[PDB]
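Here you get one chain, nothing else, as structure tokens; it is the form deposited without its partner chain.
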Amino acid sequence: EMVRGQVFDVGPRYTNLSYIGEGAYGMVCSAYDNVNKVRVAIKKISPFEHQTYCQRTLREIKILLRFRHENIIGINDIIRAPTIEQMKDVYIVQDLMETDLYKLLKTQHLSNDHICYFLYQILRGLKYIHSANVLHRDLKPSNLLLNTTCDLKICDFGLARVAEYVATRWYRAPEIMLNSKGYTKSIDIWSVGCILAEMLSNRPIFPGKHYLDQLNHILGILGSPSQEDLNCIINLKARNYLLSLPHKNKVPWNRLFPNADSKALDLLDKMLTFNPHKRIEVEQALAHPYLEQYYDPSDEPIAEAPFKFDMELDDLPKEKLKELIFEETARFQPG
């Protein structure tokens, strides 16, 4: 009934609730599933007052129900009020993972073997997403769930789009910088690159007090971009800043990561290129020598049918969004 003083009405199927995490994606608890005799994850969402949350909620539900892949979190069950009027909250039931990459990298050290396997699962999952004509747009360590068996799943597709206020900027590609457009598939690639770098050193590769500071860190490592690579268009200010800077020298990757696999550093390099047009794509990344021990196209499935929202969710008012959410969740009701 209650968790930390907040209502969490998911019984009678789900009991023994234990609080695990808050977030912009809702309140997350673990719980014992009486039916499947296993502990699960349940996410409570209360999105119906803000058109934004209703969008994020609908995208998440719709995406994860259509998606089916080993390295992508699924939805076991959705609990909500039997009538649309009473529906204030929505509980999404998902597989309970032991941790996320953010919590792991905070305190634990990864060997190359783990890093290589984690990265493989990331890209394998990302290939499926991209084949679905979908951008994740928010890849970060906290969105990568893990088991002790080292199985990994990508989660939180609340900000996904078909191929604005920002929280964390550490994993955003330089071209999106400031509050700009999440446009190409290459932005996810950049995010994976940043995630790889963090796996190698247990620290954010590109931190910054503001986006100019962040950009400076990026040039501090990659070095000054060529005029051709200076396709920073989505801001006069950001572009004029870069043009003013003195030349900056590229730091050799092995100088930053002296204990890293050379192949890992080579692939890291192709992911973290300033020019998005020059970045390696997911299928070519899976075919990189660093991942050759796991590489197998026949075992790297694509989406059975690409995505295309039948209506512009941004244009829909919150009341109709609520209707579509109600309809989408119907199949988890009796009948």
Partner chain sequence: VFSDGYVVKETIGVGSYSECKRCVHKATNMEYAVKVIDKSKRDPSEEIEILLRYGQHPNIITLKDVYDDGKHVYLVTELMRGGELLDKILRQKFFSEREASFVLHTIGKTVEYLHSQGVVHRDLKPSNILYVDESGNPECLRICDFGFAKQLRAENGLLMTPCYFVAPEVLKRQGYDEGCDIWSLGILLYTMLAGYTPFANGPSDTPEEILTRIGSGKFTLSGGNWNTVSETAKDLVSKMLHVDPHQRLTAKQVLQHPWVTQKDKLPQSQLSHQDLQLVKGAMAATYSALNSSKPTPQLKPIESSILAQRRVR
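The term rigid core refers to the maximal set of C-alpha atoms that superpose within 1.5 Å between the two forms. Residue numbers count along the first chain shown, from 1. Compared with the form deposited with its partner chain bound:
- Here the rigid core is superposed between the two forms, and of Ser142, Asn202, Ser180, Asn112 the C-alpha of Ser180 is the only one to shift by 2 Å or more.
- With the core held fixed between the two forms, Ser131 has its Cα displaced by under 2 Å.
- When the rigid core is held fixed, the Cα atom of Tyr102 travels less than 2 angstroms between the two forms.
- Once the cores line up, the CA of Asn76 ends up less than 2 angstroms apart between the two forms.
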Given for the second form:
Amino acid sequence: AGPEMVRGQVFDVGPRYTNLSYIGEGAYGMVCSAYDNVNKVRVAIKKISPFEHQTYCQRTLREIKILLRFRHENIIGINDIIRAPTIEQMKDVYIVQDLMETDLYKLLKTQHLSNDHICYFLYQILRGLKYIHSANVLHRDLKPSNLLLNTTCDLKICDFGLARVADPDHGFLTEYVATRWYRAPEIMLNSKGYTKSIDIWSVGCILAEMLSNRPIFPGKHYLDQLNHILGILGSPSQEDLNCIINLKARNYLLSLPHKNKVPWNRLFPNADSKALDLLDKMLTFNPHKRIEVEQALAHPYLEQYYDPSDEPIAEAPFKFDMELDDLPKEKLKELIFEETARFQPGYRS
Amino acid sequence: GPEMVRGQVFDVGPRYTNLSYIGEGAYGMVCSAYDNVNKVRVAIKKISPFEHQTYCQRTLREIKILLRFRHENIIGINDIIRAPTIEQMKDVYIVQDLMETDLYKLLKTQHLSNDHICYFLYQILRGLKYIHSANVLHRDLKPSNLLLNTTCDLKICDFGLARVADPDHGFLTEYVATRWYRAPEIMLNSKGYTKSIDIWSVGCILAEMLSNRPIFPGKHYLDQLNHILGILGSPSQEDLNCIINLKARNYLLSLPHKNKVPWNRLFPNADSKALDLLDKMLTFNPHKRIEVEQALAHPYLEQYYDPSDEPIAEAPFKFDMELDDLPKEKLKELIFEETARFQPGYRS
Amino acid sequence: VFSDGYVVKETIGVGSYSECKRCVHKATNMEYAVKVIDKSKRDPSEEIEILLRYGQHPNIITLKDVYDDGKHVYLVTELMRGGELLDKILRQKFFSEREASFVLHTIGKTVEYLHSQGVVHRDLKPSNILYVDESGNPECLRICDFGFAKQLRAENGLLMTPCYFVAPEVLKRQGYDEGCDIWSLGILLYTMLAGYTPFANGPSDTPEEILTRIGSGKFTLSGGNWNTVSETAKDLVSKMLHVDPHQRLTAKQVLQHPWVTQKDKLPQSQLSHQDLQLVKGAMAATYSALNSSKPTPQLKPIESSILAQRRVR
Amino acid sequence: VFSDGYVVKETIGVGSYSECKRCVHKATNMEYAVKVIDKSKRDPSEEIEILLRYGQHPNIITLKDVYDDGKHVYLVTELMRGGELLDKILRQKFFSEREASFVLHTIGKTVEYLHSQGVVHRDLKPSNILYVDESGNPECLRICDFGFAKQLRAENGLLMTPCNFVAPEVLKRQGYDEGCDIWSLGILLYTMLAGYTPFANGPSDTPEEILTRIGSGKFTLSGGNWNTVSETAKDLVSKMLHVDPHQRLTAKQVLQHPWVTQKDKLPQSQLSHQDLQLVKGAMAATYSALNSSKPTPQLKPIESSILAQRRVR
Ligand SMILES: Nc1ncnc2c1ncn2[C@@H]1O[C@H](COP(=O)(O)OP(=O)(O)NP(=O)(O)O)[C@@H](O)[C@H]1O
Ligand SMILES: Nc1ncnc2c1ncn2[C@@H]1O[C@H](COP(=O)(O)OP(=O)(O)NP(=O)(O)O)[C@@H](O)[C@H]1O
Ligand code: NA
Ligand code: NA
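Can I get the form deposited with its partner chain bound as well, since the one above is the form deposited without its partner chain?
Below is the entire complex, every chain and molecule, led by the chain shown above.
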């Protein structure tokens, strides 16, 4: 035989991994399930081919390094990585992970979630996020499609290609993503002093979506998204407005007609009132007032699962070997080659 | 030879010369022209209706009604030109007083003062009182057929869709340039139409004067109705089951609830008396809609209201017989006969 | 239910959260199809925009009006009076490689047009290719049902064509989808030539055995019509139906193939066929097998989760 | 003002309640034009639908995206970096009947296409015909500015082509508008052949003079280039510029004329022209004169009305 091919995509992962089956794809990778002939179990394998562009190499290095370092129950791990023995031959990287049964996106398209499952899924998202933030890292791209699930109701966050080390006084500009509907307003307004609070907003959007099986702030353009946000939260108060840098967004916001706040129980008449209370606090326009991940976990909505003694944090802040932003793609390729060497046959530490 | 305006021949010489384009609708082209007899410029509308029954209806309805009606706020017909024999008649030219503009063109070029809005509305209703007193429905009132001079005199025209009132009894598939002034019961096809459909149109026109925007636009009736309900709110149970059929009655029931938007939130700067009358003209339920005599007596119009100078028709208008089933060939005979009086050599 | 200006008649089609009825536009007495779509279950935005922009093409179904009552959207389109493509050509009195070439040429040009505009159809079954009338003129063909079609766009919505950037998997997916369109034209070509479908013997075939045939990319090219079918036709189908999309022709490359270009030098001999209802049955089974997937398991109780267990003590 | 994904550059055009700016799409670094329209003053719905439906035509400006901030609408379109047709032609060192005919043919086909779809442009000035690039290639021509264009529709909005069905004055107005489109191509053709405007000698011409020339249908076909310009061209220009729209050619007929069908064999001899700004000034004066209306009188006080006089005291 030869290399198995999934949907015209060659997956050169044999002979260890065989019997490939398509399970999904994003804007950057194609994911298959495969049989691990060493561990006698089926696994997930994402193929990416990033080396022609700096930003794609960033995604690959960021995801690999962060996931190899992180250890948490609600964060997908990386078990293995496949690539060519020499750097010149390396065109593709294959990331091997635990096979999760589905993701929240697919689930929400096929069924409704019970009020209890919504609560528990939210709990696990926030539990994983607490660990991420404690490592001084921003995920920056939380969405239903990268919350992986098993039917046992275990949830794991994946897809860390856009993740950065927190730094307010310092990665989205023009980078293609499949969906922008989970992004905080300050990102759309380009306020540019982003904090952990952008992740909390995404979680808010995800909670509202679990509650209704609809995105709360869709739109083709940021203009439309922002208008959807204001159409529900109402015009920002003066106090929020002058909490903003720049001026161009401020004045656009000031140029806009007044819009009243729409009561959450009008949007979601049948949602648990405690869920709506937490939703209001996550979907706060002013990022400085938006609830923080540790406070979110302690909110009455999550009381059945809240247990600070079993909500672990990272031992230390995460750091790349150096800031990645200005590294040429050629250099990033070397760094990816080196980070992946440990999974090569015959490798010694 | 005959003068030609925008590709259309206007065979109205030698009495009417020096022709100039002033407008058009879906059915006619209108020019101004010099009347060499009365030494003044007049308006002339050319129609060519004889290939279709419904176009013949428009022509005959407008000609017969306007030749009969006599009112300051209704355009008159002074003259009619057509061929001397019926077989040669392909076009009819209707000659009228030249008005300077219409409300449609006006609202495109300027705002109206609160006082003019009031006075224009007064004249609309004054003319309509006469029409309704003649037992006639105009059925197609809109800014473009309210003619105006800059002296602020207003005249209703365009009577091609007008009918004798008869609730227990011509919109279906009839092309009009705009449907935005039509009452909801017309859109729901409740088919028990009364004088109240004209009041609805006037209310739509009053709203448009107050904002320079049509209040209930939309490509389709579906859209127009959702615009209406989105303002007036969902019809009450009392109003809802005041409607025949069920197919209509079931649809609004299927629709989600909408609250009434207060008129002062829609028109925050309008005279409150204007909005109270607007409310009464734009009621969903035709039976509860204010009637023309009541509208005239409303406080908003108090400065102009004078029943002693708001004249009515001497008698109900009647065509010689119902027109609806008359073939176009017969209608042409009737149009020929109705226009005979304006022919040279005519004796009565 | 949407307009008193139409008379609604019989159902002429049913789809995913949709149904199509023949209707008569009263004022003109012209006939149309109206496709009702439940917007609460299926967002028709993409289909509408694609029909708006590209429906002016002669061989794409034309979008004449759109109604929206809030819950349902209603697409008023041209009525396909001529039925489905295969229902015509497998029943008609004369059919040869010449007519089949004219057919692939018209549909091919249209698919090339869509792909060049960044549109992939993704549901290009023969049953979604109809005649507008009964003339049998290839020019009267229309590609229909763009319910699954997709327009390529940039990161901020900007309309994009694959010619003159987008994320890399997005681009590979567009290529894969283009290949699937071509592969469906290959199925159509095979069926026109052979008189039966390449991967199914009939409606009683199991999804399992159809898929294994498809996966192996094996199909008969001997016996029956194939004995007298031109070699250039055989070459073309083998390339359209090819196992890996890499060696599979683009739409442009189909239109450049000698079997399509040299339609003059093509055999005019009569082509046989299996019974129509059998062919349609095999066709549906093939697409059913392609687009089916094992239903996904239901969620378990929260208490199936080890973490959740730790919390209930 | 509408997207941080674009860099907005210089103003490149100004229209009625509109302004057009060159912009650069950051992600792809590609240049575009964005037309801002104040919708509180001008409803762009008609223009947008026409561009959506028909902008896929190679010689109609393509609509790539639409932003709407509530008060303004932003149309993202191809950037016409080749500039206006006449600015290009009258700045060329060489120009001939053959080039002129290829220009007419390309634009004529596009107008024929529009009319067949029930669209009339209504503002087909030479300055609304641009080149997408610097090549001077006829297929790089784009008809632009559909701000006044109109789509024919039935009584309930159903999309209509002119092929009864609609009210009679509405049909007559379609025909009239089509004639105005063709007449405007006749202006363009005259100007390309003669090197100057048919009814104006320059921007200093009075509106009254231009109009009486237009109304008499008088224009010179002698002196200058006309001595050597093909007789067949002379005949075509006559029929396009005819006084009554009845004896004026349709778009289809223009394209069927000997001077257009024989474009490959037309003379390549140098056509002379007057000064560019003079000719452009003469062109603007012609259209100003055509489209100008005597401003209407202001309303008088209510008390100017005799009825109102009766109501006071
Ligand atoms: N370990 C896994 N088990 C099961 N499914 C997975 C697994 N990892 C990823 N997937 C699926 O594959 C899809 C794409 O993975 P993802 O890591 O998000 O790809 P990406 O293209 O690098 N980024 P993105 O464009 O943000 O989706 C996901 O949305 C999941 O459906
Ligand atoms: N006597 C008049 N004086 C000045 N302008 C007039 C006069 N009569 C008509 N007009 C104008 O010409 C336009 C068309 O007249 P109208 O009688 O409504 O035409 P129609 O085509 O028979 N019906 P319609 O399609 O409803 O407009 C009007 O809207 C006015 O602008
Ligand atoms: Na970083
Ligand atoms: Na009557």
